[PDB]
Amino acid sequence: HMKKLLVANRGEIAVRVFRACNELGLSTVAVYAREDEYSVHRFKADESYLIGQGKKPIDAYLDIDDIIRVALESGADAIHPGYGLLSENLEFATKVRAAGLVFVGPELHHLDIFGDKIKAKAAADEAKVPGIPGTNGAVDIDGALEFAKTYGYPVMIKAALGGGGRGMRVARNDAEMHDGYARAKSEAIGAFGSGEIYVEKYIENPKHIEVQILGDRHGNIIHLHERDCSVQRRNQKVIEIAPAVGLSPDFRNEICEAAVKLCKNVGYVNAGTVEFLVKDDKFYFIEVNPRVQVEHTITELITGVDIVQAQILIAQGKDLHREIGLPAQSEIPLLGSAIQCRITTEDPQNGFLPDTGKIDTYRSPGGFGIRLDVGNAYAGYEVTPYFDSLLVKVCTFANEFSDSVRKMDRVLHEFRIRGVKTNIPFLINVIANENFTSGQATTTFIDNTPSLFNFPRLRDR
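Now the structure: this chain alone, the form being solved without adenosine-5'-triphosphate (ATP).
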């Protein structure tokens, strides 16, 4: 029935959905701002229409009514939002489904439940998936100390500020509880005059584990194993590997089963990611991303399952096993390991500020075990400051994690992007580290390894 699909996004994810639609025999429609007129994704579609005229380009890509008008005028039957712009916007999906179009994503109840921290926590508690294990809703200093007694140490507080502000207090010594709560409440009453006091069990050096979930409208929910997104610079993802080679396979299966149980309890449809924090055989639920992730490519590599094609086919209403052809959960293969590096314009010698300018040289590696998902990184492209810093996603996969590391080193040295500074020396330093190659990297690994910032002098004749 569905014949034409509009992508309400830009960059590499728009090209990825375009490739999936062309492989599924669907016509493609692109949208682009005036400042994004030289984007690759504009010319990779059958139709391209300017949206958000007279607006800021990132506001143009958030224009719900303009995108819906373009989809209606072009005859598009479906809208794929990609990620990061309107993929989790409840109003956009509501208006798209009210216009008669197909929103390639989860249902509206999933979108508002996982777009709200309280609702997501309530769903996780209903599905018996443990979060960060404290009596957080208790508001008392005596409540805080008894909370410290019943589960344990350390304890990190939210007495400083309500929304988006954390106390972040290190509590180890038994007297440090008492005087730290004293100073924390003394600072808390003077802070803003009004707020909310929350308690939280602090997790020291956790592992960020995400489980990829696919679900159709018929009720079949499968997981596509997990990814390790622990390599993070200031709570921002740098390198994601799949599967979590550091963790034992039975523990990874347990985490994936917990994610499957949660998504089956909420009745999840289409693609989604369940995030976790992992520490010494304990895992804690954090969030559900109700959209396709940037690092879905390594899951595709290690499972052999086209996630975007499955997204479109589930949006068509097809069964996960009968019509799409995905096997049962026990028959989902683990084809090996895979590493994703996001090459951006962030200059690591300049405090990871996104560089701008014209790319004069672009050479892309290839060969065995290499996957490329390029954005706008061609030679002669002018890097605008409006959009994301990402140039190209490079994915290396092999039967063994060590060969994936070796191939990633080969392609990071082979990659030649000139005219703008890239994070390639930082990525080389990270994959050269013995913690990452062993797979024992945690979320605090980047900030606690200053040797990653010693970049050698490049001659550049």
Given for the second form:
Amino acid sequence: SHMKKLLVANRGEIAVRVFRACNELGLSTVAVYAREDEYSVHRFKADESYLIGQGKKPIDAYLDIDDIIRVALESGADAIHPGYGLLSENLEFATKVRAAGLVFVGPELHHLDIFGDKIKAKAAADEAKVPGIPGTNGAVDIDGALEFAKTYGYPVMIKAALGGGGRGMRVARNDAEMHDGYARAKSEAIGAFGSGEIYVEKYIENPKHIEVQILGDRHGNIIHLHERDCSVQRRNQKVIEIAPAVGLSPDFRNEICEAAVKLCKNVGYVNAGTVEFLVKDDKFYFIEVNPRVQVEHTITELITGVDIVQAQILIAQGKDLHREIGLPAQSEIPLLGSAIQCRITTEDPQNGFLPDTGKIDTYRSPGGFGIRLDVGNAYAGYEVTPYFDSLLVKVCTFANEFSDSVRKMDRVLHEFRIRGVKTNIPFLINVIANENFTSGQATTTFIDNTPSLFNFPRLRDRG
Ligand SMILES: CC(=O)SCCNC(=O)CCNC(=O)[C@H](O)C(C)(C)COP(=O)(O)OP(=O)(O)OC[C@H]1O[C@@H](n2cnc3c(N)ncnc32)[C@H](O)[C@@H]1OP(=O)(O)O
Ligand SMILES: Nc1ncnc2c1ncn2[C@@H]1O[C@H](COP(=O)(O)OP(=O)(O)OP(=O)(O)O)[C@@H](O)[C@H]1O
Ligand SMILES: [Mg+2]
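Next, report the structure of the form deposited with adenosine-5'-triphosphate (ATP) bound; the form solved without adenosine-5'-triphosphate (ATP) has already been given.
Up next: the whole complex, starting with the chain shown before.
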């Protein structure tokens, strides 16, 4: 009946977060790890740990559906939480997990099918009366894209359907440049995902990347947990996420959250999900839905007081969202404060943001009032391999006023000490020192149009 053992098909800090949620819910936990991930923190943070993908690349080891399912069945896990990334959105993974009889902690399979493709997601937003970005219908060839550029005009944004995390995504304003962008996007789409579905759309200039956290229930209860602002981006990759969007007016934020709720209610969404929007001068446009727990769910947890991962596990258990989990009504969902998220990573801001590798000789972590710490593998003596993502530790500061949250993030970033590997901490310090970020009016072009952000000061570093 009720699940007792839970397996996490992920690594790093998200595995530890789900382990903490399962321990708080009284569920015994099971970890999986690759051979090159043998010294990861998440392996020893679980009750049972099993090696997966023996004789494979570590990324493919974590991506192996059959080995994870075999480990979950041999260990006796009744549920599989996929975390974020890797196989979190994989339709085949969730289908095979539900075929094996296990519980997949995530949305229903039709939601994964709809929101895996950007054309299908845009169509679903159209049936939900959520206005998307004006673009071409479906995925077109190069000449159909050129025709769209003819009728609607430059700029035109070229995005592959399966392109995620800025892989196949590239801007264009000239006809030759648009050919170059289509060529590169086709190469990236065939190489990474094997399907070259490219749709082109009008390029909004200076938008705000607003995203809304949604919790869905199997009974039909769907609530939002306010919105985050992920506008601070370097080359369309999120750097700093703030919540709520203090720059935006509260009524506008309510309209955006209500539109996300309307879309999720039309699709009948269940479990946790994030609806992403682009905001430009009182107009918001739907761009995608992330049907999983996101990396920056922590700041939503801080400003709403709602444990997102615990709610995910209880929804996968089938609990009622209000009666059994105990979440209040949507009008009673509180906005407790204003939180900032920064992921301290190994990529070198003085060396083109390439992920550095090495050994962590010393590691110092702040604490105190208003600080939340979510650490991956960043302990002293840990060897940072090039195999995995550069994420060392997510850190969040929360305060009633956004200015005090900025002050505490500055204190934390100056307090933080990782030596032996080179971090983006000077970059984060420079970004949060900026007045555009401090006023909350940062856009997605804020980083790329600010060369003063890259003037990292000399540090004495004696020792
Ligand atoms: C902690 C907070 O409230 S927020 C951030 C402010 N931090 C501090 O004031 C702590 C003292 N200052 C420092 O540690 C550093 O000088 C910082 C934070 C200003 C950054 O300077 P850095 O270039 O990175 O290192 P710095 O050359 O100045 O110091 C060398 C070492 O002497 C240590 N040190 C610094 N001040 C003192 C001190 N008063 N007594 C003993 N050791 C000290 C540092 O911890 C550092 O050791 P580390 O390698 O583990 O980091
Ligand atoms: N038509 C567009 N005009 C302007 N900017 C766009 C457009 N489409 C996407 N972007 C940019 O893309 C950024 C984030 O990318 P987006 O949300 O479109 O997908 P992604 O990064 O591929 O996916 P994911 O969030 O799943 O990793 C936005 O903050 C915005 O700056
Ligand atoms: Mg995106």
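The term rigid core refers to the most C-alpha atoms you can superpose between the two forms while keeping them within 1.5 Å. Positions refer to the first chain, counted from 1. Shifts are known only where both forms have a C-alpha.
Exercise for the section: Might you check 163, 351, 367, 385 and identify the only one whose CA position changes by 2 Å or more between these two forms on rigid-core superposition? Expected result: Per the superposition, the moving residue is 163.
Exercise for the section: Answer yes if the Cα of residue 138 shifts by 2 angstroms or more between these two forms on a rigid-core superposition, and no otherwise. Expected result: For residue 138, whose C-alpha is compared between these two forms after core superposition, the shift is 2 Å or more.
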